[PDB]
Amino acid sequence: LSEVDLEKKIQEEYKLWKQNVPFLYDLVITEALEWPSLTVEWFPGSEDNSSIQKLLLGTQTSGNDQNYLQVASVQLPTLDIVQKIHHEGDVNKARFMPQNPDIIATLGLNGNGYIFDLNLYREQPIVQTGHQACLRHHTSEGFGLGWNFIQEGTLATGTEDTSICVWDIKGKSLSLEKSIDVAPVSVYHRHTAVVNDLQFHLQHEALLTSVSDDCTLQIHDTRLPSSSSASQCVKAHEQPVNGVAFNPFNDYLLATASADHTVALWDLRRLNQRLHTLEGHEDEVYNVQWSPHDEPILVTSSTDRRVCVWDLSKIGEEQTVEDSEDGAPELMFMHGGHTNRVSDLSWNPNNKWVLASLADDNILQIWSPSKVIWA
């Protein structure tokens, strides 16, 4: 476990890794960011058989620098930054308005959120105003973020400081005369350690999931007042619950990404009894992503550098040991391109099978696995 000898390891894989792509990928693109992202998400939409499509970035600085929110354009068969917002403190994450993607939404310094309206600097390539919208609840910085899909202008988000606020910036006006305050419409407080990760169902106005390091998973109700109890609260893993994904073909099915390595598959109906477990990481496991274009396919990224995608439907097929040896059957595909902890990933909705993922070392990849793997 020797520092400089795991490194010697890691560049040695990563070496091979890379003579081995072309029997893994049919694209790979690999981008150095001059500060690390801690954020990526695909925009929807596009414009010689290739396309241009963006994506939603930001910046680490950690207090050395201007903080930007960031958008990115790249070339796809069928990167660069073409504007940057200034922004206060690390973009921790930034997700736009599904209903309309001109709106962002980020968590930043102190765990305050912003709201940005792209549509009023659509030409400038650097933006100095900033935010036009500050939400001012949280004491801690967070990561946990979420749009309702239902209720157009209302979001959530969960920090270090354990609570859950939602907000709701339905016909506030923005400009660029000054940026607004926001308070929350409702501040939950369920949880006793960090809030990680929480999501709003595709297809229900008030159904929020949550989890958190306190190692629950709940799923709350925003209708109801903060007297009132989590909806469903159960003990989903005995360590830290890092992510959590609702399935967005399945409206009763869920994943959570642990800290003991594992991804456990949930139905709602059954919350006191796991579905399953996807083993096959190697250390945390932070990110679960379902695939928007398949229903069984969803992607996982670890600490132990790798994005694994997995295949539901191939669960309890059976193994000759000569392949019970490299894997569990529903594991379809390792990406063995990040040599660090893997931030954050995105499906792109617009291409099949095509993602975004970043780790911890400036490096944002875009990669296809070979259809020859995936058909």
Contents of the next structure:
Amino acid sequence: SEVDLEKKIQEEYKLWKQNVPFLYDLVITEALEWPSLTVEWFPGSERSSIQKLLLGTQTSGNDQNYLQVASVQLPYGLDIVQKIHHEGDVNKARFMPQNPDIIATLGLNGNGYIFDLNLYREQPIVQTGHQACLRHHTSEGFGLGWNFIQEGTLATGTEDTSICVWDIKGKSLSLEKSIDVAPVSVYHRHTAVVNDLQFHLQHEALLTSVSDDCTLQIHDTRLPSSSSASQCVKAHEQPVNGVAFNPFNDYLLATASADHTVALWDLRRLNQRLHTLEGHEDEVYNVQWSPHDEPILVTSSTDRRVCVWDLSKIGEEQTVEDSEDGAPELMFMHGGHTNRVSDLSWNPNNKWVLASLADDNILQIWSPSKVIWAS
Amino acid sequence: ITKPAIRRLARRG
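Can you return the structure of this protein in the form solved in complex with its partner chain rather than the form solved without its partner chain?
What follows is the entire complex, opening with the chain shown before.
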């Protein structure tokens, strides 16, 4: 029960601190005023470097929401250095890979938003707010993604079950006015909320999506909504919460699901799943590939755990004592969070550094000891 | 504590 539950929750929490100096080379912990459902490291660092994180607020109507830029002290604190005004909770927020100055958000009531940070470099607080509002959705969502080959093109996915594809390239933004933007495409191919979508890293038109309708689908954004999804397979028997393309292997991808597991997939054989990562004991909401090492990925869940997985170690055998503890591929389990985990982000500047968000206002920037990952 | 015990502690959480 809940009361019984909490006591258990901490008591092992501070057992976790006790254990930290052996397990982590780094652990930064911040309590935020409001929660954040979204985190993403900015590329680049200044000089012991200092780096930047994209963040948001979840006021729930109670106060004004903020898209936030925070800076961290990395080899130890971190502070919020910019707050831009935001319509509704920042459901998720991602920078343009071509230009991290450009930010896309999914805001209140399904609205897309575009922020230009170059417009307000010096200001601590930007009240002006967004530079553009992406029109179409009618419920709120979390599926947001940017196109790596086509500058200025992005996809959104929502509880309204649609997927919209937008093109903001060439559209002037200014502190004068917020332009309205209409989708270039609108795809109805799901029967429930589109939970996550993502553009393929090395292909202009390939867009993958997953949903509560248990499907993994593959869309060719060149074809009009008149067409169907290029591929649609059942991926799990329960809702699929997340999808990630491997940044080194063009055909390898992963799905996180409410079945407590992560499935891995070869793109050209979506009819028979390659492998299943068990080991979470509640819904697996999120899944992310290391940008540094192809066999490495990370999963977070409602079981308040974050798991780091090494796929080299599959088809590998070991003592029963370890079988008690998990698969040979489970490398690291972060226990730093005392509530379900909202979002994660691999640090692209520093190998083996991760940011993670919990629903009880905690931000953590941590790194598993070098013992455990280098061999 | 020692490297093996560390590497399994990483897996029990």
